[PDB]
Amino acid sequence: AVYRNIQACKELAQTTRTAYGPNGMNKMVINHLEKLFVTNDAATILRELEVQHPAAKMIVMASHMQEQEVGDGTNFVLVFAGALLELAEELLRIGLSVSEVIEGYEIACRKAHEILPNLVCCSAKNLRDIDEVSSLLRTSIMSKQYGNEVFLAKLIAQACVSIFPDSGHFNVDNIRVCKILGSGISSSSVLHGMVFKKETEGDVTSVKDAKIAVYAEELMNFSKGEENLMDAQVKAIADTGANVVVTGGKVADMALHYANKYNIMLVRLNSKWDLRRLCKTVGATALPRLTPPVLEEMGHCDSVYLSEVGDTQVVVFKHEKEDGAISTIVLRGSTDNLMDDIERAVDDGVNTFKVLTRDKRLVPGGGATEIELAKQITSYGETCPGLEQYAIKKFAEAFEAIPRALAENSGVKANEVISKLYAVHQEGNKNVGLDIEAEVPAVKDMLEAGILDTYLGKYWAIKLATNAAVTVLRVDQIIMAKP
Amino acid sequence: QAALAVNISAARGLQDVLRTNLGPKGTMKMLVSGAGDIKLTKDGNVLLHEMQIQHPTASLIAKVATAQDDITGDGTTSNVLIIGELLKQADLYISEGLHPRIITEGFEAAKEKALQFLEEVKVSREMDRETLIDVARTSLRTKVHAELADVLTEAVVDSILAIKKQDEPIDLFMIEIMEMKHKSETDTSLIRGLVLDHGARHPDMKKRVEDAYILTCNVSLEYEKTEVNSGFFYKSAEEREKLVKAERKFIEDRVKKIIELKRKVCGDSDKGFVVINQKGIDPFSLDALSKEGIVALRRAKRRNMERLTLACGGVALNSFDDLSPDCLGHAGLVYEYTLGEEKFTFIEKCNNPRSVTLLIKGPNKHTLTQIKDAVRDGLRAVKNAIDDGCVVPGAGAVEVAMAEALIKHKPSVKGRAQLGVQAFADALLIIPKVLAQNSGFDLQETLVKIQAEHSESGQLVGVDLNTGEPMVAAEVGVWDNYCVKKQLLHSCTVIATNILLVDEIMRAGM
Amino acid sequence: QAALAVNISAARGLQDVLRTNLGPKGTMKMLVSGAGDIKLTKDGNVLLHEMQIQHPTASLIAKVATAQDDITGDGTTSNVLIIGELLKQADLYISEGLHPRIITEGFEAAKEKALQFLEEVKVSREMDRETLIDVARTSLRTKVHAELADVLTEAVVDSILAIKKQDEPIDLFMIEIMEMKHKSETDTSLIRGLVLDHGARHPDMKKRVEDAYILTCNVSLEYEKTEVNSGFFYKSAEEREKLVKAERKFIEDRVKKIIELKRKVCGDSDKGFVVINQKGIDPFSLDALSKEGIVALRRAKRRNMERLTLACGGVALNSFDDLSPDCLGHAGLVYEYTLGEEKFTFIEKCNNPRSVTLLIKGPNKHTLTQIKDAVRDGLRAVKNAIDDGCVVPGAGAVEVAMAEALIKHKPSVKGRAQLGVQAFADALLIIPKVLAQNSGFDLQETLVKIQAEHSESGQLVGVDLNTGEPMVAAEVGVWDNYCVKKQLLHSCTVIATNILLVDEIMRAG
Ligand SMILES: Nc1ncnc2c1ncn2[C@@H]1O[C@H](COP(=O)(O)OP(=O)(O)O)[C@@H](O)[C@H]1O
Ligand SMILES: Nc1ncnc2c1ncn2[C@@H]1O[C@H](COP(=O)(O)OP(=O)(O)O)[C@@H](O)[C@H]1O
Ligand SMILES: Nc1ncnc2c1ncn2[C@@H]1O[C@H](COP(=O)(O)OP(=O)(O)O)[C@@H](O)[C@H]1O
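Chains as they are written, first to last, in full-length UniProt numbering: chain X, 28 to 242, 262 to 529; chain D, 17 to 526; chain Y, 17 to 525.
One should not assume that every hint holds.
When the alpha-carbon atoms are kept at most 25 Å apart in a straight line, the in silico DSS-like pairs for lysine-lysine are as follows [stated by the list, open to error]:
1) X:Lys509 - D:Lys388
2) Y:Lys388 - Y:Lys79
3) X:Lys296 - X:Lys206
4) D:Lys424 - Y:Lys426
5) X:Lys528 - D:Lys388
Beyond 12 Å from chain D on every Cβ pair, some chain X residues (computed) [to be verified]:
6) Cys136
7) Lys138
8) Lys400
Derived CB-CB ranges, DEER-like [as the list claims (entries may be wrong)]:
9) X:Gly356 - D:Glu240: 31 to 39 Å
10) X:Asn267 - D:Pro299: 36 to 44 Å
11) D:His470 - Y:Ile193: 55 to 63 Å
12) X:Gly295 - D:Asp342: 53 to 61 Å
13) D:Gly50 - Y:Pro72: 45 to 53 Å
14) D:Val139 - X:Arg404: 49 to 57 Å
15) X:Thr429 - D:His470: 34 to 42 Å
16) D:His470 - Y:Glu112: 57 to 65 Å
17) D:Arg141 - Y:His115: 50 to 58 Å
18) D:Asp404 - Y:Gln132: 47 to 55 Å
19) D:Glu485 - Y:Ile423: 57 to 65 Å
20) X:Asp357 - D:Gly50: 53 to 61 Å
21) X:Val147 - Y:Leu517: 57 to 65 Å
22) X:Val147 - D:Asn482: 29 to 37 Å
I should point out that these hints are in silico values taken from the structure, not numbers from a laboratory.
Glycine residues also receive a C-beta, built at the ideal position from the N, C-alpha and C atoms.
Next up, chain X with everything else stripped away, as it sits in the complex:
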């Protein structure tokens, strides 16, 4: 019952085999909440595509580890692992054992970790400039949202440069993205602090308060008593001194009058996820009752005011006296489906440089370093005696499936690409990757184009991918139990 596990993981790769690269195909994602989505992100497929075959889940948990400590290489987990087991079936057809093949991959993983630093050609300059971040973030824009290589390269760079001076404090949790209905990507902008699209309900312009609190005769008597009840609540807020009150629910017409009576800025936020962002930044939590005057659950902010950017009244929550490391990228888009696809490409770019906060090392992509890595591992496999030759030799051919995906997804023949990728590297022309062109099957230097991946990303992508192929091959039979 071993091949049934290989056929299970083989099918999971063929779905994301086409979503790889910039010319990859989109996916008709039907959400469980009676919603329709269209994208080409491989990470979102598995979240919705419920693969119940537990043999393939080991590859998914490896892809989930590709989200921790790194934010790229998800296709590497599914493609490289899926190609490893496809060729592993060719070995067992001859009559090889499972342990010798596992041990051969355990050795090849150590040989691959030593060749990758040799192929590190260039890296970042560590200047904290906008041209440095935008020029290198072109790799994150690839295969997540094509065509916006110019727009998002500078937009993402503007939010990270504000935090790079805070050495060792750059995080993806500090960059919260917002999206507003608009014409297109041209109306996008970048702002500091937390910016929310909802306008200010009150007529208060600016306030530097730190206290931010997030939340027939008888017929006319109780109707006016409610007006005294609401006034007593804003008076309770005035007793606390909170000039900025963030409302999670609905606001009465009389509350707008009392909010301006005591000079209290009143802001409404219907989105719960936007309210959760305030819990982790200023310290103010959302209380369920009608405005509890709890001075302990109020946050701390140096300045709060209303702004208008792109013809949209938006409230600003920045920190002038403190250091400040929060940035908000406000994108504009007419279609909510495609507008969210851009939101994911932004998170992919923020996390790419979050790993570059460590030792900055980059490797060219596009089939350049993967064949150079497969060319050197094959050299160790030819001279290394013993029965490990069949596993190490095929471990190099597993690296070939990735440029084969870049070839087929680009409409280019897969065999002609690898034949030319091996000829240029036989002559020593390193850093030569496949040129993205539907008509030109030729190749060129990717370093001259400005395509550079993360050295620290390929490490964990090759390790988690090979360890998953070991975990799936060690299990030769799946047996059900009833607790």
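With chain X fixed as given, assemble chains D and Y with the ligands onto it according to the hints.
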């Protein structure tokens, strides 16, 4: 006779199942729980005690590993393989017309000859650090990916030596197991003291204290009920909060003596104090003790308070009215390590805590629970090596040397009993045959190789899992416990007796 | 591997069929021809050569026993028993993953080791009356119903001893086997002379002749064609009678030519004359020769004329015009034997016949055919005993001693072939397991006692069928031939080598 053939063919299938997961070259098996949890493991006891089997007969064999795990904790994989091959060989003799009872007496005679031969192979050498390293490597290899072999070998061995001295009887309760995420699998290490789950929640607590005194208590310092014969005599809601302070007055005064106990017991600088109260503490009470630099913990488990008495020495106090410095413990570098998810307190650097904690680190739960199985399986093998100083060479060296003895053994009980000895000898030889397939070598080449080795002195050869050559298991560092092999000769024969003694099968309401 | 499992279980079923007819205490098998013929026998050659089996794989094993019976003449039942057990034990290792090629190498080593073991235990005892009776007891006991043992034992022994002198090799054509009905089964004895089917039938013949000169002839004494340039031409029935007067001159004148030779060669009293002409004879020639004390026989077989030349010594004649005294023979007592219905000629007490007659007697047809094969199977067992000066002990005593030599034997060629020797050891021990069941005793308890028998000497131990204890086959008079076991181990290894090496079974038309 056809009714007996069912139990034979029933365990034959269970033999083909648990034969591929023996040794490090063997395969793993998955446990599909159906609720959302997946487990990976090699130990046969885990594949049967928690698993439910299709056939009814094989379900009885599952209880053998349940009783076997309580004695030794290992070897359950090889127990079913000996049982599967015994009844496989016995079927060839019953097919000719022999009764099963005659074959059982043959095994009863082979048990003594095989058990008596065990006295010669075992070695009474002194167990030391270099000897147990050979033992831990033999067990943990079958539970990891050939990478955590040297990592966990040094942890399990040092955990045992640090909790047993002067021929003291050892116990497994002294070793606590902990798991943590957001780390790599090769970062497994040991802890001098005990890692606590719930820490302190206040910014004014000392992140790490080089030296602090411990105080064991079970008094809740939160807003508690009334202790004396009184009540809530009030007239409005504002007066209700006034008597809340009265129910807190008995609580607030008890915390003021804690500061007095700290000031009297080393109230000078370069000192510290750490409270280990199991019950909750109010944020106001923590605010009073945090000013003095007292790192007070709350919401701990009952198991840690019992271990805290052994590690720290502070005696549990039930009331602060009887607060005395006699029940004060002591700890070394008391700190709280910051991880990616939560914070956990450490009380390491104790002189003799009589309890260690093997801190396991892994990214996934199925990987974290797999190593948890390797710890308890690797620890008991070393527990059986020290409590029983006699150990034997693995690699099937005991089974092959025993099998060679049974062929050269005359009938000392009965005449036809020799046939069962011929079958019991061919059963023990399945261990080198099983490991030959998991290694990928020829099943027959491995057998005659280790069998062709003869000399005029002690010569116990074994299987080379990597090459297949006949290799000495004693020199390369492979050793097994005396009680493990002892139970195989008693479990496999007693169980195989009960299966062959079944004549007919009747449905009692099924 | 599946191509072997169909062939493996095909022999296992064939093992359970023929195991119940090994030895005397075993059962018999019936042969239903469908036309009306029914037969009973234990010899495996008849259960496989004349019988039709459903499986083609088992049909190939039938041709092995057919050729085995042509060489040694016995032991074909145990040949298939070892074959069925060789593949049974080979399947135990094939399930573990051993290729059949290495197992054949193990049988090749044990076959040569066991063949060397026969050279050590074989006994070159002198051939005489007392020793051959012990051998013929082994061959005929398994072909009868435990009553014709002592009866037929003396027959086959003295039959071969009569035709063996001057170091001449043995020939089976020197024995004329005849059958007689209307008598009991225990009356089977030996006839020194030759028995003829048809004899003289006339009242004027002598009942017995103490001494007579036998004249060999081949001349036709019935109505024949014209011997001169003429033919049969007539016009009526009366004219046809005149041609009888002419044609009979060629027959009647030849009767007197025998009378002229009678008065010439010993025409006095105390003498006799016997004509053994192969052709038919007219009654006028019988009456003419019967009065002269001349016994005229007719309707003899072609082979009987060949033996008749040896009995008396008279050379075969083809014409009475070429008659001479040189072709006259001589014999002793010549008489006629009387059965319930028919009568036969007996010319016993010959001078130098060099050809004996084993006269079989039985009341039924199906029972006479059972003894028909036991004679050919009994004569050939002792034939190999004298031609092969060495013999081996019976009672399955070779198998239990062979198991001791092969277990105490390591291959000097490779290691993995040692297991093929282990299988060949348990395959040879099936014979004491089979006979223990045919005797009605426990299968394994009989094997323990014969295997446990050991001593500091050369000890031959076998199987006792009457009690079940260890029996020394040399002390009880239980012996076999040396060529039987030699052909057994030489044959059974070749067939197991040819079948186990079959990788696939393709349907070729
Ligand atoms: N235009 C391009 N030129 C060269 N390589 C590309 C291009 N577009 C995508 N790639 C390759 O595709 C790989 C996957 O990119 P990305 O989508 O950011 O990660 P993931 O596939 O894990 O989401 C990168 O390693 C990169 O080398
Ligand atoms: N490479 C090896 N060399 C020698 N012996 C081995 C090897 N691998 C496994 N064994 C033997 O297999 C036996 C059982 O191991 P394991 O499966 O871990 O325990 P259990 O069978 O009780 O679950 C051990 O006693 C050990 O001697
Ligand atoms: N009464 C007996 N007890 C023990 N062994 C016997 C007995 N009769 C025959 N045998 C053995 O059985 C074998 C086969 O004998 P036989 O019947 O003559 O050949 P087959 O069985 O092939 O017809 C012989 O080798 C002989 O040693």
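Results of checking the hints against the structure:
| no. | hint | result |
| --- | --- | --- |
| 1 | X:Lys509 - D:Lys388 | holds (23 Å) |
| 2 | Y:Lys388 - Y:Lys79 | holds (22 Å) |
| 3 | X:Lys296 - X:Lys206 | holds (22 Å) |
| 4 | D:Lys424 - Y:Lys426 | holds (15 Å) |
| 5 | X:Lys528 - D:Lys388 | holds (22 Å) |
| 6 | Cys136 | violated (10 Å) |
| 7 | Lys138 | holds (15 Å) |
| 8 | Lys400 | holds (14 Å) |
| 9 | X:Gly356 - D:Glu240: 31 to 39 Å | violated (57 Å) |
| 10 | X:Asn267 - D:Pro299: 36 to 44 Å | holds (43 Å) |
| 11 | D:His470 - Y:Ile193: 55 to 63 Å | holds (60 Å) |
| 12 | X:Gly295 - D:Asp342: 53 to 61 Å | holds (58 Å) |
| 13 | D:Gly50 - Y:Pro72: 45 to 53 Å | holds (51 Å) |
| 14 | D:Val139 - X:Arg404: 49 to 57 Å | holds (51 Å) |
| 15 | X:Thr429 - D:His470: 34 to 42 Å | holds (39 Å) |
| 16 | D:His470 - Y:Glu112: 57 to 65 Å | violated (24 Å) |
| 17 | D:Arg141 - Y:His115: 50 to 58 Å | violated (43 Å) |
| 18 | D:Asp404 - Y:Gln132: 47 to 55 Å | holds (51 Å) |
| 19 | D:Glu485 - Y:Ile423: 57 to 65 Å | violated (26 Å) |
| 20 | X:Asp357 - D:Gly50: 53 to 61 Å | holds (55 Å) |
| 21 | X:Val147 - Y:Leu517: 57 to 65 Å | holds (59 Å) |
| 22 | X:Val147 - D:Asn482: 29 to 37 Å | holds (35 Å) |
Checked against the numbered hints above, the structure violates hints 6, 9, 16, 17 and 19; every other hint is satisfied.
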